[PDB]
Amino acid sequence: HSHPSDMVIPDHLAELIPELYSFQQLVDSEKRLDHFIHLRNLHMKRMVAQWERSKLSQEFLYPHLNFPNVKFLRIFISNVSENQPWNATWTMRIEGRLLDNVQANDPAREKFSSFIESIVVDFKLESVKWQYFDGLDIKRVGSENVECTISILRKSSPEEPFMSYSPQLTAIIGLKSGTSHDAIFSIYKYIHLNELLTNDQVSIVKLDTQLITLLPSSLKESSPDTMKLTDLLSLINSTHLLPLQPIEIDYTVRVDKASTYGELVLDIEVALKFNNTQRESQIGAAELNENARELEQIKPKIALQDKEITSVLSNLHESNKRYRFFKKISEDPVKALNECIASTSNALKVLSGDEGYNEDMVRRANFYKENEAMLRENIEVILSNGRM
Amino acid sequence: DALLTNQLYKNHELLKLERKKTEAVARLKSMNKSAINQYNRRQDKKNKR
Amino acid sequence: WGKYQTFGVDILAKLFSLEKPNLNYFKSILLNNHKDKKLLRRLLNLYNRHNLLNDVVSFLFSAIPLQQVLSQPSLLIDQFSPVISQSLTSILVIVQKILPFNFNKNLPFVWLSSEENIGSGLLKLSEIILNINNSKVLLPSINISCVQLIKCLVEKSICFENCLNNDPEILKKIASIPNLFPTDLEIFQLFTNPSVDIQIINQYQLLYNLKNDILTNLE
Amino acid sequence: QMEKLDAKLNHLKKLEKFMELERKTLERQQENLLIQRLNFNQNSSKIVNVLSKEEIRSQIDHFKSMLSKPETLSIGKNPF
Amino acid sequence: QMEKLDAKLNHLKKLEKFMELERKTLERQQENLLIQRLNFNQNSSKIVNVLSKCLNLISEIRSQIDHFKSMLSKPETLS
Amino acid sequence: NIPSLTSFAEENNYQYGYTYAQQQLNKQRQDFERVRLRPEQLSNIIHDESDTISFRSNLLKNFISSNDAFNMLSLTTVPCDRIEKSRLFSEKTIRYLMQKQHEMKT
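Residue numbers (the deposited numbering), protein chains in the order written: chain H, 53 to 138, 153 to 190, 263 to 270, 278 to 345, 375 to 444, 449 to 566; chain A, 578 to 626; chain B, 1032 to 1063, 1078 to 1093, 1102 to 1125, 1129 to 1156, 1183 to 1217, 1231 to 1314; chain D, 690 to 742, 761 to 787; chain E, 690 to 748, 762 to 781; chain I, 37 to 54, 67 to 154.
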């Protein structure tokens, strides 16, 4: 029986006991405190939901400057070619050196052998592959010269979502790589600032001269088609996205040069199971559930206190009734001792169910002389209706 | 109660919108009627001469 | 406790629908045949400037149970959609057709930043109502009412500051509301889902164009 | 008790206002950066597709080849 | 009532710590903005520099290319 | 439905006496305003606290509460010098104000 009435100490007690204002504005001071927790909770439901939506975005993927999951790794493109008149030797090599405090003869090192997805040196002698050692030692026979396009695939694990884009999309977006959320968001913010949005519905989008070359093979550069945005969002998913990230460098193994074991530079970096663990989209959820468990722990101790608060408030009202009854008697002990009797027998007449006039009042004759007005009405009413 | 409230708010806006439409409509008639009657009276005294 | 205050927010919603004598009498009462001129001027200063307007608007911001429907998800809004709709209609009428000079205190500013943050409550309520129907009749009106109310409150706060010109550092204090002004990511979400309306994302995108014009004029 | 309550409440409210203002500023600067990047790349591609109409072949192919591969920073750890 | 209030005033500290988590996330976003600004500046500078190289080596048509040189002489090419 | 404001006018509606469009609009009017304005013939007829208040139970409780409080007054034959005063603080309120006053110097 949650009564809203008896949470108020209105006037009669607060004027007598001045601490009740100090009680009441206490309770109001609580009521704006818990509400501050409530706007806190809807805050913490928001930001976590803000960060799980923006988890795919590169606002929290490329900056990891406490510890980024990357270790650089240099590679020498070596070539030893002797026994020629100055059999043209072709001892071409690739050597991997981990950029650390590490050595060259280090046992069990993170080289380009132990950790590389693929290095596909496409030669022009016979092309070689790298199925997922101390170095890449290639040597065939031949006489004139050999040029080899050295192609390095990085460690294209599924947990690095930064993928390359089309050769066209880099010219308009500005990102040589990134995630698919940037590819779905950058053209979205590109549309609004040059009024390519149209209405007939918000779905239609005017194409552009920078957007007809987005789909050159689909033949949309022949007709300036103001099409729906649905075809555009279903266009950039695999027509431009996900090349398994290659790096290229063109060079030839030379006939007369000695070696390139310690002369040439490269730049390829990589561990990866750290930055995808301590993310704010899950740490914030863990903190939210921690605060929820703390709220559900702190709540029954509040309820057991509220029980006693109501049980003391009921006793305060009961004691107020008896204080009023003991004070109105002590002020005038003859008029209160006539109101205590006249409201006790009348309290018995109503509870018994009886009704009517006072028997000792209507038994005299001055009652029918002061009520002379209503009797001349009622006697005519009863007589004219014929009930007298 | 909510739908009739929203209809009560819809009706006042429609009524306010109509007057400025029909202010444009009634002025379109009479000024053209004036321009018709001017185009009438352009030729009226002409043939009298 | 009792739904008796929900009857009053319909009397005020239906009696504001006539610009004839109703809204004229309400205007002359809230902003300011020969003896009641003395009676009205006796009753207005017996009511303890502009206490009546902020009392009516603060009471109409009550009976919109933001705390109750945002504490625990569809049943409470499906039960209280008519009272919410008519309360938002009454507040929109008071904001648009009464508030535009004899003021001496910024009323939409002290409604927007009154430590209860009702604008964030309306924005979260619009999020909630937008996340049920697309994932039950009045809800497309209630979404546009919430967003247009936030927009008109911010614009009337800036207009009242331009008219009064006593508090210059309010462009910071308007932009420092912790959950007003929805981010570009949820508007990016709203421009992609086909289940949304056109006027909903229109009101959202002009709220965002108001947000950008806050930050440009900020410095 | 009321004084300590209102003190911690005012401190938490000022912290909330500061964090909200900084988040708004960061979102604004991100959007402005993206807009300026789109503008620069569109203008450069437009003037190179206009301007192409010996030595000019080599320099135009040099600029188009540099535009074909935009680059980033070299961010890694310190080995030594 | 005071025993009721002291529990929530002891509860407020975790909500204080969530602000520190938010400050960490905002500093990480500031790092992202600085790094993307640095990657933008050098690319714009290199592109406008080889654009100036192309306009140096290139020499209704004259006024057009001179308008292009008025464009890319100063870094107004964002406009 | 949601008929009109013109359908509520007195011209299109019946009066004390003594077409087709009117008889079409008055169908929708009486089918709209009889599903809207009809009272609830079910429970939640309590509406508040001060409607299901019982005069008989309160009168009985006041009859008991006056009688025993008057038997507390007269029939308790303890003299006025012998009525021992009650404590103005409890055994727990005297501990909490020793604790908080110890912790007030922080």
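Incorrect hints may have been included.
[Said to hold, decoys possible] Distance condition first, Cα-Cα at most 30 Å in a straight line; then the derived BS3-like pairs of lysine-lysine:
(1) H:83 <-> I:148
(2) D:702 <-> H:83
(3) B:1187 <-> D:702
(4) D:713 <-> B:1246
(5) D:702 <-> B:1268
(6) I:140 <-> D:697
(7) H:451 <-> E:706
(8) D:771 <-> E:771
(9) H:97 <-> D:771
(10) E:706 <-> D:702
(11) I:148 <-> H:506
The hints are simulated quantities; they were obtained by calculation from the structure and are not laboratory data.
Verification of the hints:
1. In summary, the hint linking residue 83 of chain H to residue 148 of chain I is supported, as the alpha carbons are separated by about 22 Å, within the 30 Å threshold.
2. For a cut-off of 30 Å, the pair hint linking residue 702 of chain D to residue 83 of chain H stands: about 16 Å separates their Cα positions.
3. A distance of roughly 23 Å separates the Cα atoms of residue 1187 of chain B and residue 702 of chain D; the hinted pair therefore holds under the 30 Å criterion.
4. Of the pairs offered as hints, the one joining residue 713 of chain D and residue 1246 of chain B holds, with about 18 Å between alpha carbons and a cut-off of 30 Å not exceeded.
5. Simply put, residue 702 of chain D and residue 1268 of chain B have alpha-carbon atoms about 12 Å apart, close enough for the 30 Å limit, and the pair holds.
6. Annotation: proposed proximity of residue 140 of chain I to residue 697 of chain D holds, straight-line Cα distance about 28 Å (limit 30 Å).
7. Simply put, residue 451 of chain H and residue 706 of chain E have alpha-carbon atoms about 26 Å apart, close enough for the 30 Å limit, and the pair holds.
8. Our distance criterion of 30 Å between C-alpha atoms is met by residue 771 of chain D and residue 771 of chain E, whose separation comes to about 18 Å.
9. For the hint pairing residue 97 of chain H with residue 771 of chain D, the CA-to-CA distance comes to about 48 Å; that exceeds 30 Å, so the pair is violated.
10. The suggested pairing of residue 706 of chain E with residue 702 of chain D holds, with an alpha-carbon distance near 14 Å, which does not exceed 30 Å.
11. Distance restraint check for residue 148 of chain I and residue 506 of chain H: the Cα-Cα separation of roughly 40 Å exceeds the 30 Å cut-off, and the hinted pair is therefore not satisfied.
When held up to the earlier numbered hints, the structure conflicts with 9 and 11 and fits the remainder.
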